[PDB]
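What follows is a structure written as structure tokens; I'll ask about it next.
As you look at this complex, bear in mind that one protein chain is not there, while each of the others sits in place.
Chain lettering (A, B, C, D and E) follows the sequence in which the chains are written, and residue indices restart at 1 in each chain.
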Amino acid sequence: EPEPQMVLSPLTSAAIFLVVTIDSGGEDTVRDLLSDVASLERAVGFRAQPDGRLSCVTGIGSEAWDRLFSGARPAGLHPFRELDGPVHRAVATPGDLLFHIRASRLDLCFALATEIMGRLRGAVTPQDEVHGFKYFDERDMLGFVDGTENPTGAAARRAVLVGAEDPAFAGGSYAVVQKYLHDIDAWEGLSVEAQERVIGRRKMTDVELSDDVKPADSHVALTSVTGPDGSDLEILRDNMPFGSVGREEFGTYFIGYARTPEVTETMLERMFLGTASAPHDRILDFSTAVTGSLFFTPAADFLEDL
Amino acid sequence: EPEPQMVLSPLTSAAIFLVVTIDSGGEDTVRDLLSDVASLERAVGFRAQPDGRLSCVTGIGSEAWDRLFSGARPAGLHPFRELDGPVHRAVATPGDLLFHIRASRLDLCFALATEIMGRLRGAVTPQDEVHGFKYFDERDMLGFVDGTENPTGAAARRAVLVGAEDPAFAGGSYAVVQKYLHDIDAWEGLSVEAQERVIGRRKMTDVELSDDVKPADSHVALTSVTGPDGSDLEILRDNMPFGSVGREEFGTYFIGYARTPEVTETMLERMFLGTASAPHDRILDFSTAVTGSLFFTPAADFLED
Amino acid sequence: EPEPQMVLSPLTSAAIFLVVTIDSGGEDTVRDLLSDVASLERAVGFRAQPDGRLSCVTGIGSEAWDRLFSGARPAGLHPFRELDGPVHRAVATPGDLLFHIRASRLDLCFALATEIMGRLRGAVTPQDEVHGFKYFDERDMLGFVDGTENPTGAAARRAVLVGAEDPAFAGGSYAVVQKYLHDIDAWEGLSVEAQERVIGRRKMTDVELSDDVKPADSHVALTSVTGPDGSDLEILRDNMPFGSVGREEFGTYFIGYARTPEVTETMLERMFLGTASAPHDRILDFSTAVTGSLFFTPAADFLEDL
Amino acid sequence: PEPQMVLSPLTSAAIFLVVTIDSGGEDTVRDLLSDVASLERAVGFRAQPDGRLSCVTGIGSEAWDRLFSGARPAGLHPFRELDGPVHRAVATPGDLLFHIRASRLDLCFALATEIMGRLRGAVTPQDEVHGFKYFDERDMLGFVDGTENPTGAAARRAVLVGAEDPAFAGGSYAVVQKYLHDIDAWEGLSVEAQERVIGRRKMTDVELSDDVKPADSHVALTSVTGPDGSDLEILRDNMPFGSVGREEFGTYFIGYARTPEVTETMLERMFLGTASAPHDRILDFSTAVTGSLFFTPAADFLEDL
Amino acid sequence: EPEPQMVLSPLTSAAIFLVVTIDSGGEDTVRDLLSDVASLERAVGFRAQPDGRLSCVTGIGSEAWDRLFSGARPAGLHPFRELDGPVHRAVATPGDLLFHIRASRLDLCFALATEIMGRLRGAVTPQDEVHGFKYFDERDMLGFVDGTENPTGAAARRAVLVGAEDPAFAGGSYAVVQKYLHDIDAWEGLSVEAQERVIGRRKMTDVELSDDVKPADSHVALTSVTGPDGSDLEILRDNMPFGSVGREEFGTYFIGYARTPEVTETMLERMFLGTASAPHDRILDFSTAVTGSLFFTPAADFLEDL
Partner (left out) sequence: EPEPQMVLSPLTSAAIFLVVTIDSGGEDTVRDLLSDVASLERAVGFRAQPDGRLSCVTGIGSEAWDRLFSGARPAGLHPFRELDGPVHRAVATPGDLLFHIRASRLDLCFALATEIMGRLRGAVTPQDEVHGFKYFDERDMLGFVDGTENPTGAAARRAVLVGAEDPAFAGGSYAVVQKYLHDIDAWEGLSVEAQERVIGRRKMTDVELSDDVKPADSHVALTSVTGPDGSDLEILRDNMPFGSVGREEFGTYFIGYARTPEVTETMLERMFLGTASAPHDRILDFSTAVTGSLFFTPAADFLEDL
């Protein structure tokens, strides 16, 4: 093997998502930070073992990749593709670097973020900063259990990590982020039965709706895709609520990892553009994307060796 | 008689501080919410037992008190007094209601805050909202253990709850809030030994500096008051770090409860204005107050009506 | 002076309810056991400190009281009063002794029950034995949060413990038990909104329905009683699910403690017999009582001194 | 080739459900089997990572033949009755086994509910046992139960079908027996005597040395070596159960192995005895009232229907 | 009350017992430390709350009391009395100060002990230091559950704290310590039934032997003493195993608190000297006392103010 980053992390209940762009002349400061980021993860986290579960995953955008490195590029790396649907729009916003920081406690996330941004002061410009918190029974902002169908164990390794198909970058992965804001008033206006039809599962028991009854414009319907293999195509998600009550913001921060962006991008097309039999994913009638960025999260050794 | 609000809460690691002003004509919506706030605390919290440790303490400002109620006022209740020191200034900022929401997990805090602000949409205007997190070994944003000398058990009851001296409002308390922002670059410029001289305790072990060596302008020096009888005057604090890395904000949200504001106010005068033998509290050379508000947190039964 | 039994126990996640009758000639064996029950609680429980939270509360029925003791009777003690409603019937079934055993683990409950029934074989006849468990996030078999409005701290002391009004028995309490079996098929036939109208609170969030909307034949409506005082009358409940999937039994084991049975019994009248404006508690359309018994749970010192 | 969760962590609660398939039920059963994996997730996922909910599904000999056609697991047959001179191991009906385990009973019960929900109509319950860990992994005879089970790779190799039956690799063979103990009789023995029945020390759980351990002790008769001299091992997860009302005290026995030959050798030695032992002394205080054998297929066999 | 020291501590699983004598001239250093010991307890412990449960109880001997303070003496304070029995001897060994430090983790105990001995370097001479650990189910070194019959709640307050009978020192208590070493080879030579006869309870289940079968020279027999009222006299114990495998030392560190030493001393006479009906406590045939000291543990305010 090479060591991948902590893409397959345990259940964690807090996160910080940090997206930044690299200023003019920043490339050197950044390259230094990248070579140390693994050891900052350990500095902050080691002393909080073992309940801490602190991990930071670092990702790099398509344009940033070319400023920072020469040598070949990961096969799949490109700017996030805007999707201008008949009704709904998946936007593209700027981002050169992603830090996806996760732990059991927000303060650990904050301490690591402090250390990282400390080393980058001068060189970067923050584009997004989100402090996320999982609800107490793995629920998201819509009140549904979120994560149930994520792959685990060897299936997750298979779905998420670059392998032999791009051997130079094996152990890497492709992360897509989108920040969503929900219209909770609208959403709470539906009966539970109606909400279950939007999602495709039971609210309370989290059991899948039977095929004979699950709508084709339900979220679970549109994000189940079968490959040429006959194999189901899987991504790894770690959606996190965030918000502010004073400013009436209630959000879900989407992040999905896959071994090639083609998978993540297909699901997005289905959601925003629709299919043969579905105008668009009903979940977008209550959720607006306000960011969109795609990153490559290299193998851990790649970063070590600079 | 009285059940007080959850002023003496267990150690909790997350908080939301929500400060609002009441719009014109809002008084009725507010009065309804106050009668229900206890049962929202239970709705949201009960099912997360026993890890949850969700509590909300509700406080009311001096001007708001007059809008909402007639009858007596709590004897100590007045607007926060600005302190214009030689060097440092304690500001006074607007606030009619305080919700001091605490739990072991932030999401519980957020769920209760959602429900409360849900019932108040229309009637109020948010002034401040802070999501706080205690660092993993009870440390604050300056890296010091924060809370060590708070009173506990019976001493805390004695220090924090209104009693026979204002018997109409026994079970209540007086909360003072100040939001502080720190100059971290400045602070991290000091050696540990120097920082210990600012605070008055050892950084790593949290042992008090001995009397013979503790500076008189150290924080612990200026916030130790004895009353007339020689007995120490205590408050109960629950300071919480908060911040944002992107915008370089690193903060401590101060809240102190006391059975009369006279105590909290004296410590503040000493800090901002100085004494005989100290220009001001050295901690203010790294910490700037950008809010200041005083609230009365009534006994729980008072709100039930 | 007087030390009550562990009526105000912490949240515990397992229970055994044991109801027995005293055979002819059994009175002596029983009286010995009552003086020892506290020390068996310690024997079993002490070694599993402090996670264990094992408590046994012992209660005695009205006719059994006369067989066991002469001297004064607790003022409120009588046989459970059958309620023959127009539609629903609260039955009264035999029971001389109650052991309400609670802990964080079932095995501790079982161990204590073993020791107690060990000393009593010969003298008693088991009438009911239920092994109960917490569901999830304090939910009951109907899927609602169960316990939310129980009194706590000082208010609970005030509501549950006999005081100056019967000074001989101060520290005691009155327990009523009813075993309920639910018609789950029927219940799952309702929409959530319909179920919420039966109970009087929201299913998922456990927020009370406003007066503006709460039905008068909702369960929360009928079990809220105000005294002549204008003050609410409260009891302390510790309902436990129990069940068997093979026999389709899904149950709620109801137990309510109060300082006088008049309170518990009023709530029951309202539920079974109805009011001005409500035929009966809608919850009984999905719940059948198959036992009913009333006991006095003396102060702990009362039992010691035998 | 992924197996079912036969190697579970230590879990403190179990439900064992044994059912028979009614005539005409075969379709409803085959549908459920393809979904049982996704119900495990639906119910269990939200209680992670304490939950440790796992369901292992097994199929009986006759039922196999009603549900599927083509080739059979090499070792799958009806449980073989044992008519010893003193003790008898009976065979009872059972077409399907759900071995449901978690850190809490309610997760077990919730999954059992959803499964039987989908099968109401097609099947008839034969046995339903709610098991609990006692204290410190002790059983109803008061001895530590589990100590010599294989772990890690030794357990993979002892319990999963491999190259010797390639079509069914990933599978295992579960034998179940419900045992009731005569506790009165058992508590009549001194501890030293009880230790001679089991073959280990009661309080410390150290093995008796070979020069003192009886040949009719349980640990003696269930230690079996192969012709190659290596130990033949199974994986057990015995659960106490009972009812104090009915003076029923039980150990529900479940033993997984890569071939039933191993499990069946141990049973023959227990019930029928050896050269130098009439029968396992533990059977003088334990009566078997069920007996069933099931094959627990690889996970992908059930998914793909 | 005035505020007592933490005599009534929860179950904790580690302890350090530190016994020292005061050197000539040391009186001043000691008086300073006593006024600060409360705040050292908080310094060390606060940051590990609430898992920590660090408590230190400070006690002062008879002769030391006279060197340190003028004013009245606690009524019960005197040197531990050697008991020279026909067979077994309870020795008396020197000690001016006792620190009984307890927590859930040894390191917290050690940190506080380091701080205390740090301030006393110069002034004192260590006599005894034991690091104790609870065996995993509250068992002691002989394999029996140890602590079961200790009083709790109000009964414990009543049994251990000085009240109106010596009003000047209300909130105080009297601690006796004895370090015992066991003859494990001998002990393991007995059957369990024989050991149960030594102690007076069942080994595994921790149930008391019935009166009609419990020997009069069993430990539980000789340490059960009834006052004039017929009511039991109780102490509060927190025995801790300690040992060293290399040197074959297996020990029990005995500590008992009582509101008057007369109770603790009665139990000791019965154990060591015997009664009309018991030669001596059979436990002493497997246990040798190698220390013996008596201390007064004042109310916490007493230490605060000087």
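As a working rule, a contact is a pair of C-beta atoms (placed from the backbone, for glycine too) under 8 Å apart; a residue touches a chain by one contact, two chains touch by 3 or more.
Taking every chain of the complex into account, the absent chain touches A, B, D, E. Residue E:48 is the one among E:7, E:22 or E:48 that touches the chain missing from this view.
Looking at D:27, D:81, D:148 or D:248, the residue that reaches the missing chain in the full complex is D:148.
Annotation: of E:1, E:84, E:165 or E:248, E:248 touches the absent chain (contact as defined above). Chain D residues in contact with the hidden partner, per the touch definition given at the top, are 9-10, 136-138, 144, 146-148, 152-154, 200, 204-207. Where chain B meets the chain that is not shown, the touching residues are 137, 143, 191-193, 203-204. Counting over the whole complex, chain E has residues 13-14, 16, 18, 47-48, 52, 105-108, 110-111, 113-114, 117, 126, 128-129, 131, 133-136, 241, 243-248, 250 touching the chain that is not drawn.
Following the convention adopted for this analysis, only the chains that are shown with their structure count from here on.
We define each chain's centre as the mean of its Cα atoms; on that basis chain A and chain D are separated by 42 Å. Listed for chain D are residues 47, each touching two or more other chains. Contacting chain pairs (ordered by label): A-B, A-C, A-D, B-C, B-E, C-D, C-E, D-E.
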